[PDB]
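First, one chain by itself in structure tokens, the form deposited without the partner chain.
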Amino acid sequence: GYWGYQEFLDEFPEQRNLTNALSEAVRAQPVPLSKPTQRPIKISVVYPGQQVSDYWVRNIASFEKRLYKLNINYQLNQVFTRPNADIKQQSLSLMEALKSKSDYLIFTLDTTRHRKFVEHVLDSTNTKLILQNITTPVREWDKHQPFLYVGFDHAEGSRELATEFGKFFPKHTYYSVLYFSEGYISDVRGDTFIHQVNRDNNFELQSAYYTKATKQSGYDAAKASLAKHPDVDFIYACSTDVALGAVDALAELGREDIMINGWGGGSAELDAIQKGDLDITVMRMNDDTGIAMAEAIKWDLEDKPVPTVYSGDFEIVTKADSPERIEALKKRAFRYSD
């Protein structure tokens, strides 16, 4: 149903050129809008940003700062909901975004819920769509893909974590998984990890629980999983809030021996890493996606071609890392968001 990130870029060489060009623009110093818009642009954001994870909040912060440094006049309406919830608000806010004739509508997709909405925008409106936290183009939309898919590739991050656990434990190691809520994130972060680990190290999956994408749910799921399968050496978590909940569970059960990962490397995760509560995590160079979105909008306003997809990079972080390594990474990742 989805194109792999590299698979997409290899299939369409011109897309790889565009993506590489955006990547270079993101790292290079700000080159302000060459053509001033006579109307400030209207931007609407609908993000499942109400979480312990600071990804969404930092994304808007870095995004707005880059828009500022690029001299782009804009009006931004923001709506933050909780993941796996607030279905009504999400629906009402998305419709309101189109009603207000926004120039750019930014949101995410984890379920099939808003696909028809996307199709409507693409076929009958002038509103451009930016889909955050997804870097795998939807095949059914090959004839007309959204303006931009942006994020930190889930498959890559999960492969990096899988490689690490593969080196930390011997063949046939017992483990359990804590998924996100049912959907895309669980599929691309969870099943990717399970597949590689089982295929390359013959690890033995003991259980895999779907969650409600919250810390409380991660805690509840970890306890349930360990009650039925205490003989595991590690637990792979598919998201920040869930992993932090699992941490609390391990502490309560006195099972600090069990390794647990974070997924994303935001401030709460890094604090847990330095505390030793989280053993490892794949840290994304966070602000790069917010910056990429501002650059993409800039190119659009300059009538330049914009890549269909853009994925930022990751850095593996462990509790054994020195404070200098952590500080150096924060300097890179939160250069704009602070």
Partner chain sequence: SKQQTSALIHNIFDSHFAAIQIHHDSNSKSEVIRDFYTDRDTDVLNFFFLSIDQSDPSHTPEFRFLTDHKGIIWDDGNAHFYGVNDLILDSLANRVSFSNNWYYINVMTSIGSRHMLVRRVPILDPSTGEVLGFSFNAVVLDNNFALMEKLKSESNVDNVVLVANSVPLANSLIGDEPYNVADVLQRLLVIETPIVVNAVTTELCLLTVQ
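Positions refer to the first chain, counted from 1. Take the two forms, superpose them, and find the largest set of C-alpha atoms that agree within 1.5 Å; that set is the rigid core. Compared with the form deposited with the partner chain bound:
Comparing C-alpha positions between these two forms after a rigid core fit, one residue in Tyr74, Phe117, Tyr209, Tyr184 moves 2 angstroms or more. It is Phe117. Remark: with the core as the superposition reference, the CA shift of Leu98 between these two forms reaches 2 Å or more.
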Second form
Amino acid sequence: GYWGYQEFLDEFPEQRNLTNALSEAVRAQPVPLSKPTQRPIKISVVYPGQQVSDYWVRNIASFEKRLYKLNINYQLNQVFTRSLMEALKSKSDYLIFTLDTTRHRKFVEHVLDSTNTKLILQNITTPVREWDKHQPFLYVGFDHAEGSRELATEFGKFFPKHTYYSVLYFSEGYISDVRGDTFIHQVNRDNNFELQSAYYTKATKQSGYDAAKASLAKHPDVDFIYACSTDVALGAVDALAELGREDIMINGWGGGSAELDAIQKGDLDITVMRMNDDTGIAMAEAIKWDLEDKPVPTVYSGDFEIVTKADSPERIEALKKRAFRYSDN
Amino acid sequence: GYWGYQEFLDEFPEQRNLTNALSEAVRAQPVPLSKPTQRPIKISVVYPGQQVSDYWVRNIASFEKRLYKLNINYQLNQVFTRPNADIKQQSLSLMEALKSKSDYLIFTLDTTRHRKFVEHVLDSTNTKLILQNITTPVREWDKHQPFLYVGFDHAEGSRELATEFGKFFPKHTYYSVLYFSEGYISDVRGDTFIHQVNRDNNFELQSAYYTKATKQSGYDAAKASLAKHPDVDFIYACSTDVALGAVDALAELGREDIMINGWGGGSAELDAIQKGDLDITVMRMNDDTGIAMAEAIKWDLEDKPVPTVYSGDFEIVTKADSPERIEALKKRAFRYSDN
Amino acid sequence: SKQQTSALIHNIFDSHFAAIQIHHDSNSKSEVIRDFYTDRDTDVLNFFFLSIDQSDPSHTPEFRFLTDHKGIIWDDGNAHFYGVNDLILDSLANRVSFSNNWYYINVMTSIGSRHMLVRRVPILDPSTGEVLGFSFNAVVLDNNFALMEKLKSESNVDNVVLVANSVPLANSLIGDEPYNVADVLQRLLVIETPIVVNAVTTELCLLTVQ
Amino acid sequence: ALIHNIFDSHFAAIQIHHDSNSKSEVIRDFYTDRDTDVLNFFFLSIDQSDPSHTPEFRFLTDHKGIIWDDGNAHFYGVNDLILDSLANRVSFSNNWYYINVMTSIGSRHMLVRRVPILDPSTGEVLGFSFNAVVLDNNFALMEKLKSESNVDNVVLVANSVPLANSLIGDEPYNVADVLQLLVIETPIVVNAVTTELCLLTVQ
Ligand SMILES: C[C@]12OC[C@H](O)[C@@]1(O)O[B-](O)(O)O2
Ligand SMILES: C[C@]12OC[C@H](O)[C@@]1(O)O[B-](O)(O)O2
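Provide the structure of the form deposited with the partner chain bound, given the form deposited without the partner chain shown above.
Everything in the complex follows now, all chains and molecules, and the chain you saw is the first one.
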């Protein structure tokens, strides 16, 4: 099972204390490392890669830059995935990974139960309930459910009750549940929206394209499509162009550069934009506190802004300023 | 797992004695209830009795008669469904029987569906359970067994048919099998026959079909089977309706060269026997399982022990039996239900 | 040890549902179930479930049903036995809003309250990734003979009582022992093991007797 | 702590896979076209996908006899004649049978079960699918039983006679010491019937 982000913080007042302290450090200027180390610390990162979404790439750039600014001595070695075994051997001080599939679970459990490596889980902010004895060093991301609720609140404004929509999920797993089913449930509960169809995808632009075609060929009568990730959203944008259905509103999920360009063209109508660099900065601040023998919160979530195609190019530019403060340089 | 009927009685010698005692009371003339009750007993019957087979119709007719002749004061709610149909009605009737706290619920066990219902009634504080048309106690339920399993042992009757086909036909004879729907009946009637015929006579099974336990379903499976495997000397049918459906199929295709059995020997099967349309059947001494139930209820009311299981007996009947032989069997079989 | 019996008991409970869930996951990939969304041939569907429950009695749910994205399109007819009418079935469908997780549900019926574990699974079209709808499985805990017998038999304790808060819902008592269920409830080595569903502790407890 | 639950769970897992696979269009199709490559790959998929829960051998029959087996049976002493008698011994479907048979390379202790292969439209029984677990020298199962029950070692015994164990060979004891150090006895129940089989755990 999973705790909800706020649920976890409410359940553990000490964890809210700690998450608030981290949010503040992330906000304020870099206060460099108190305890210098004997060696350079070793960090392995295993990320998705080959994505139109720049989340992972920008996250590393934001992470390294904050590490440099805090005066941490690190050896960072990275892998982007088209072997977790090949990562295990390198005996690192901090492993940065993700958790979406049951395949990731299997590994994380093994890493938690049979190693010493401090584990950071990126793109999940909902602690596993069964691990309350031995939680990962840090869950860090932009809370999927919060972002979906924000998109849901907006759609709930643009369309009257009983409006028709379809859903393009991620691949099967955690992301689909917390982005897709969260949105479905709220919009159904609150707005009496009616779901016509839903499709799992292969988490690529190609499959995003294919799924939208398949969806619209079978259920042409929707007012919007909700997409659960960046690449899937942009695939669906093409399919909508091709079929000439820009009467159909569609969202992005994350608000990276490629999404922002598409927003500005009116290819995407709305997105939930994450203050991207904060989670790269959080992981550096978390590593620093660890090196200073300070307690580190189990969970960190960054903030979002809602972005629409109606927004000024100045609004967009001011958001790119906050969100990519590090990874844009 | 199930205990075989004899296997269960051999395992618990006390149960053999209880069953033996019950058979005597069923054979003997009615000795009325010796402890009258402060109110009528509430009896609920939920049976798949809407069939061409009169087994369930006659089981209740004879049961009621014996309850009458036993001076037992009762109320009987009776619901009949089609096999594999009226599913909602069946669940509702069972629910209503338990809600109204019937003293006895009379039901059956063929499928996992029936089993699940029965498992939920086992620890009941108010309702005793009689499972008709099964005589093989469930092993898992030892020490929490229903009040009574009552019927005509499917295996014994299949063994008797298998012995007879073993004699009619030469080794390596080709046959097909029309099962009931999936479940206990198909397993104990069908697989018992197949097994014995294969090891004792090397008969060679050419095809087998599960059916929907209906005439139409028997017709359809028979036609499909013979289309693919026309070269069989007999068809073993696992039930009455299925058999009579197959009868229509062989006629439609001009094929009474193929021998077909019934299974049970009620009125419609007997008419088809004497007409030449069925070649053989295993005939149940029908009314004994209705009577056994009434006698089992009487014993419970007089605070006596009641056997966990009761099986009646069969006679073999062929189309070569005299109108004399059948008539005399009908007077044994339908002693209450015909009267 | 009181904690070793408690861990044993929860492992048995957990592995009973883990097997029912494996079974449900697996059967839910059937082409028959998939095709039902197009064909709506109820004979074919019923024959199929008849066939898998015959194959596996101890892992069959008490009741099951199919939905699309608007509502229940088919039920197996078993739920009625447990007091679960159409209305209450819908409420179950609506309470289970996430896939691949057991939900503990306590509902009132005309015959009393019902205590259930219910889960859903998406039915996909593997050539398009389309979610055609959902398959639900419900386990009724009330008078659940087979589960009480598993807990007893595989833990080697003498008896079990399942309680909601502390109304008894099921037990393994033969009726020949020194104690009844009421005696067990009155808190000779009786151990309370709380029932955890989806890593959240429910109102249910298993009481073991030695 | 009990290996009883883990043991039973293991065979329940095997059974669930077998029931599900036997409903596959792949197996139904093999009855008509006999493409042994398609079939062998189908079972390769499932096997490497779940190496922990797979029978030591499989075979298929039609009503006349065995039409295919996976090649594994003979390595256990289960020759064509013995395979044939196995098929006939397992005369009811959907149930585990505990079978012990003499082979030319020693006694063999097995659990066998069959499931009918059906046309889901016509109701035809095409034949049966069998799965067998050889218990003798089943190291992987012994290893699973050992680690999942947090005990030091496990020995499987058929009527006081060892037939499999998890011993590494370096511990301050042998299998003989186990049969006469805390050893516990857990008998195996098959299809509601207690068998001669017993699991001996050590801590
Ligand atoms: C970070 C991310 O989560 C899923 C996918 O990996 C992603 O990169 O795509 B996205 O920008 O919607 O969000
Ligand atoms: C009693 C019975 O068992 C199955 C079916 O219900 C039946 O009526 O058909 B039959 O007469 O062969 O026997």
